[PDB]
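The data below hold one chain only, encoded as structure tokens and taken in the form solved without the ligand.
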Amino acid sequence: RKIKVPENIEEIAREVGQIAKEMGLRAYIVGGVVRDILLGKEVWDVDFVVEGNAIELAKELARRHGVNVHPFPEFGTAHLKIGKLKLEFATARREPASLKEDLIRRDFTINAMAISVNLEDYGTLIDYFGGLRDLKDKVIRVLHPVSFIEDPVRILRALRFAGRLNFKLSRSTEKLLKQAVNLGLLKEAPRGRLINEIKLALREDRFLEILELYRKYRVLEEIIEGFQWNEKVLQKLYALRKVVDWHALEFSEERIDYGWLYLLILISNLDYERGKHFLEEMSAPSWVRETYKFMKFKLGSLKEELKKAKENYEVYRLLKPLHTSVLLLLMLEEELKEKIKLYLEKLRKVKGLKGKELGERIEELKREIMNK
């Protein structure tokens, strides 16, 4: 089968094939980028695999376009940018290696396809492992049965792609995933790589769906010491999605990385020290780490103070110093939700004295307006 290369990639794809021929090599667009092209997505980050010296191919392309190139000899890879296109060139490897050997070592069939950019078969979809069929059938399938033993981080990755795409695990892939979890393989996997994969998941639009898969396959219990699911936490996550969707819609210029809020709710029953340590392990942003500390130490008192607040100005005074994240967390409390909405939609928009005495009188005049 053949596809047309997307118009924004076509000129470079053609040129890469031409240069490859000049060098006696072959080149291919590979992997997640091919998946995303098949899913009809606009792609600006293009990954190539070269059967041969990828760095020398990249350096020649870069020379012709007058751009900087970043070589990595120990990995046989190079990176460069041409206009809006970010390009990676990698030498085929079996970890000389064939394209097929380079593809069969990847995680799932839908991520293991290639597009030839070579002169004689330009645009050919190279699909050795049933990737197009698994797209059709909406299936996440490993390339070989020992895949999760070989790299248990793929357990988490499988669930990220399943949740992102609303795909199911293949029947055997599901058995393999459950068996790897049960055997303890996830618990023993390289910590840093597991953490990196959770960081990727929390960026996903469908993070909540991914978390439901995490729950189904009992993965977080293997990773976060002392973590347990319960119905309260689960229901809070669904309540949070409604709040986040509302905030993103109504205040588009004030969006934050909402995925971290789900994480904060997830770990909200951990002891503070372990939660703090986990967020540091995750390299969480300052606002996330501060919101977590606030959640544990101060939010209880604040919820009560906000409840007791009778006039709008008091609500305003209590909410004014808070990061957006704490406001959205407060909206999970049904009795507080409308006070937060009022602050966000109305109260915060209210607009020879010197120094603070000037500020005091301004705050007095504000108080009169807000309470009306």
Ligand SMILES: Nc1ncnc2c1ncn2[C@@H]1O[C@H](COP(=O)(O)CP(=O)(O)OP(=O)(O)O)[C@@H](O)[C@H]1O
Contents of the next structure:
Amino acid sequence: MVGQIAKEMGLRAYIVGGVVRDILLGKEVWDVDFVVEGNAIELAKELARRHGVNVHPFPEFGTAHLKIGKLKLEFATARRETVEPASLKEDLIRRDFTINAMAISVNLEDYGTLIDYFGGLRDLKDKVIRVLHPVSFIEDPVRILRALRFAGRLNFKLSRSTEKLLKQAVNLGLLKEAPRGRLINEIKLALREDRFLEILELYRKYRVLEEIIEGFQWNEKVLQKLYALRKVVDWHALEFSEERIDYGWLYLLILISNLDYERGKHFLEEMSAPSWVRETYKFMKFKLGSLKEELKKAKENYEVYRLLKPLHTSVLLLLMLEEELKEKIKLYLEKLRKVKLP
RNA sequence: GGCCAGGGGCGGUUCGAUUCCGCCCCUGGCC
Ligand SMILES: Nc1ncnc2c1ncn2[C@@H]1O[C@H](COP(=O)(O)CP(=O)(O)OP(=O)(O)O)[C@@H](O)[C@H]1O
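Mind sharing the form deposited with the ligand bound? What's above is the form solved without the ligand.
Complete assembly follows, chain above in first position.
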């Protein structure tokens, strides 16, 4: 009922970037972002008022959050990246990439209308990650990781210029100059991706990791060791679909494998790494070798003593990553399936 | 909104087991 309010109070609001992208790409979203060419707080305040919902206004920020059902909506006054009015375009030009710099009017006057100045819709059509201007990567070197994320997650490719700049930025050292926190969280974001591996491939292609993770350096075993896990993760997800896991961290572990900074747990520390992870990590050094090596002697029944390690699945997955004892574990899951169904 | 965790819940893997996970709920932390 925002189109109405905005009118009552002679304002212009629009949903923006992030969400508009997914929309075009036909993807349901519960997090919606708005940009008001006036005072967002008031808009948000009256909005909740009319819905009888609580509001969290953040003055000085010119922002306010509220929730209607499972709808998490955020209103923000137009700006220039934190004075004066500032038009939508101005707020929209300080954005990520063209596919993320589009807006849709929720103004009754011209409702539903898609607003794109930078040809984001085209880039979205031609599958392209393109920045708004030359200094883009310099202004915020986190966008590097972002660029790759989307490129990886959407199977989009970087424009000639964008790739050219992106490369400049990396060898210009900016990755080692950005607010670690931003970079860190950005990676956790990618880490959550389902096409995370394909994202990781791009990290290789531009030597990004070699700058963020200190003791890191790419080696072919690990690479195909990654794809190998891809195979497990895929099938497993199909069968033992009953119980899954944030497969993403498994990949990271393998990358972390061949540890660096004194068993670089310090990285898993920066990373808001879950329990099973910070755990399944320590178990690598102690049993990745023994478990496997000592496993080579079994008839049956000692499957039962290894079943105690599944206390946190993952490991059960990092084993198939060694051909020899692959089908062994493949039959385990099926095996126990005969014990529960005598 | 992710995770520390300090106290619940409706479902579970087992024969249980507040030790195992799904999540939700609450209490104080970090991005
Ligand atoms: N450094 C940055 N530069 C430009 N835009 C940024 C930015 N950081 C955040 N944004 C903007 O903030 C929004 C990020 O919010 P999210 O809800 O996580 C959506 P997203 O990152 O666009 O896509 P997602 O649904 O895959 O997460 C985007 O709409 C984006 O334009």
